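Take a look at this single chain, the form deposited in one PDB entry, given in structure tokens.
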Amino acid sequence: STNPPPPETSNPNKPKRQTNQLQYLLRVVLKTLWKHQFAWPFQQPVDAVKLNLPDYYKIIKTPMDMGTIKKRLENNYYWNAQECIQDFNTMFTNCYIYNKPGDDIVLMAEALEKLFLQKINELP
């Protein structure tokens, strides 16, 4: 029983810019979602061992969580705001892929996704 290593949070061989939008995604957008009531299943990588979901990292080929996004932002990992946005989109979409419509985690992810889209809409 072992979960795969979490996604990389630092990479030397990668284009890396430090912009105001990436700074905004960390200070405002991610901090808002982080303090939301539904944040707790997404702040860490999915623990398929404790949740008894042996098919997760086997159905989902590009896992993503807000904890990885956060460490990547704090490491100036992203090339621009769009690469970080793709991680948010990938995280929400992974939830919709693995789980069924109407499931508790899907309804939580849809509420966080709407708040995410409303925040990043007010972007420089």
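Residue numbers count along the first chain shown, from 1. Heads up, when I say rigid core I mean the largest set of C-alphas that superpose within 1.5 Å between the two forms. Compared with the form deposited in another entry:
Core-superposed comparison between these two forms: CA of residue 101 displaced by less than 2 Å.
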Contents of the next structure:
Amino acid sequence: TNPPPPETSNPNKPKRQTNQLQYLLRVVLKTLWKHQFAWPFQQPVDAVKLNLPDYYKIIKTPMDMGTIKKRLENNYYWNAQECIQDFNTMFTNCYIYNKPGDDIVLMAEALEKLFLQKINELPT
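Switch from the form deposited in one PDB entry, shown above, to the form deposited in another entry and output its structure.
Keep in mind that what follows is only the chain, not its partners or any molecules around it.
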């Protein structure tokens, strides 16, 4: 029922560290990761364990914060936009699958607010 998780490294990619990518890992991702609402988002949705047979019928591009954290640690992203795209995909999946007002949606809303606050301060 579960797909293989997303890849977290790109072997042919040159290593390119930047202040913006360090900010995405150590300010943005760290802030959300340590938050009391992080845990539903820290690993791929396990539809077998959670008894969600339709999750991966509805969600075609799975994404979670564990994948984003590993991608940043492995320098998978060429730039900040690509990383921000994965965070947005994670939030989008939550809002498309779960009914508005469900607990996980209220949690996602709060995490997204914090995400956007930190992204607004991305160093130039």
